[PDB]
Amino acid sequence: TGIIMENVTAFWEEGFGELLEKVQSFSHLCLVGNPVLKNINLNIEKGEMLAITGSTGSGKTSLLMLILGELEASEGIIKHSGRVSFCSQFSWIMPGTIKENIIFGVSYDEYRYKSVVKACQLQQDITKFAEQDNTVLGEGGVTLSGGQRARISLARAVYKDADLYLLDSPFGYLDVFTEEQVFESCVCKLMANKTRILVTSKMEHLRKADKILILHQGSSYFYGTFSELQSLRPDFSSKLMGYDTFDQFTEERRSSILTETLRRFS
């Protein structure tokens, strides 16, 4: 499916704040009628990848919530059709085997399963276990690494048959060469013709994206292509692309460089 937003604004509503916590004073934001997002525009064709970045707490997750229908649009038009599949920043794990987690509530299909496992780089993980993907997890999958939890949880969202995929910051952990391989095999190849939104703080993702959205303080700091970012926001670009190996900084450091740059060049 394509997705279009045309001058969309959404305000804090009661209970929105608690959802954001689950997924990543509220009453005062609700009472004062503040925008969570203000004047958003995007137009993503069927099969394109939109990369969303910005400062911390800039409204990245809330934008996905609008798509999901968990946040309501007070003004403006949003258009998108079909099933959506959402991979939260929080990597949830249910009681049962790794395989059961990846096909949770959906039916097993062999070619599809093996293909998602491979592209999400799960094969290197399961091979460390005596029962491989029949290994039993407790709820939360607490003895795994963050990257292992995020890969199973991404594999579950991607195995889902959907017209639109929302992937909220899966590439945030220390095993950064693995994440580079997941970006390439899963997001770029396996899902190359699935419409998809990727929230990210890595510049390679902006470079490979069909469209880019950068958010700051609830506002659209930039929407366009990567070529248009270099030309129309040269201040921002030169600072970020000027790093040697930005994408291998910790996520906290990458998000802090982005915030500061965004505060700078308003």
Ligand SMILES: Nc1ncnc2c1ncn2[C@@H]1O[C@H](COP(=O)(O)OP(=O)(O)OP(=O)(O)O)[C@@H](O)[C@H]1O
Contents of the next structure:
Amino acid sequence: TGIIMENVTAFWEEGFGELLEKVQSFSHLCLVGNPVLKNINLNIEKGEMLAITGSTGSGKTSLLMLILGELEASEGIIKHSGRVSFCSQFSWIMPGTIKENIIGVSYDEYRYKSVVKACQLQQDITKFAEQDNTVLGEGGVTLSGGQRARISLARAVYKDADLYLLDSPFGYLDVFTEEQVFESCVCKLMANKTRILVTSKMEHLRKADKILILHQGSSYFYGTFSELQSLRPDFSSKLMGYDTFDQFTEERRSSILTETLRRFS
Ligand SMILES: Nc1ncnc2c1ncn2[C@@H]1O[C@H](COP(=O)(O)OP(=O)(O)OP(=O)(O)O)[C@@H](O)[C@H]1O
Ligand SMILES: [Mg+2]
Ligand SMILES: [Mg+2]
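One more: the block was the form deposited without adenosine-5'-triphosphate (ATP); return the form solved in complex with adenosine-5'-triphosphate (ATP).
After this comes the whole thing, all chains and molecules, with the earlier chain placed first.
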């Protein structure tokens, strides 16, 4: 299914703040009824991929919450129908095997192995005696951050949905693996799934069908990657002018995005 937002604005509501902390003063923003997002416009066709990026605390996660219906659109129109699958920035793990963590209600062999392979989990499970039957405890505390993220991504991807919301799965040190995952999973396996990827990597904007850049709760840019280069030349030149920007830490990339966005308001 597609997704459309026409001139959407959303305000800080009581309880959204405490909800926000878990997926990653409040009551003051709530009292003055400040916008967390203002005049958001996007039109994503079925099967397209939208890359969302922006400065830190620009309202990327909230945009996702708006789609989940955890945050209401006081103004504007949000159109989309169907199941949503959400992969939060916080990578969670329930007691049980790796396999059991990925599988939802129904187990289906071809689907499962396809998701495991595309999420690059084969490289992981081959290091364990019991492979994907290996038992994990709550939080999967001895895995790497990348391993928890790939498992949690595979769980969300395995889910049969019409729209996938992937909040920042590509933010860890094992960047070459992340490059493979992005290619195999987001670009190939999910090529025909409508998907929104929150990201701080330029390769992802370059490969996206549509791009939304957020800053201070507003749309700094929305369009194609071609359009970004010609319409936001200052931003583009600074960001593409890097050698291997995508291999900086998540923190440095976000820091650069923020500084650049602040600069070119
Ligand atoms: N854990 C938190 N504690 C306090 N305030 C928060 C927290 N998370 C978000 N906010 C506030 O809510 C607003 C929207 O934040 P949101 O998480 O949607 O932005 P984001 O771009 O997803 O953040 P990040 O850069 O961390 O991914 C921001 O203005 C921020 O000030
Ligand atoms: Mg497509
Ligand atoms: Mg976030």
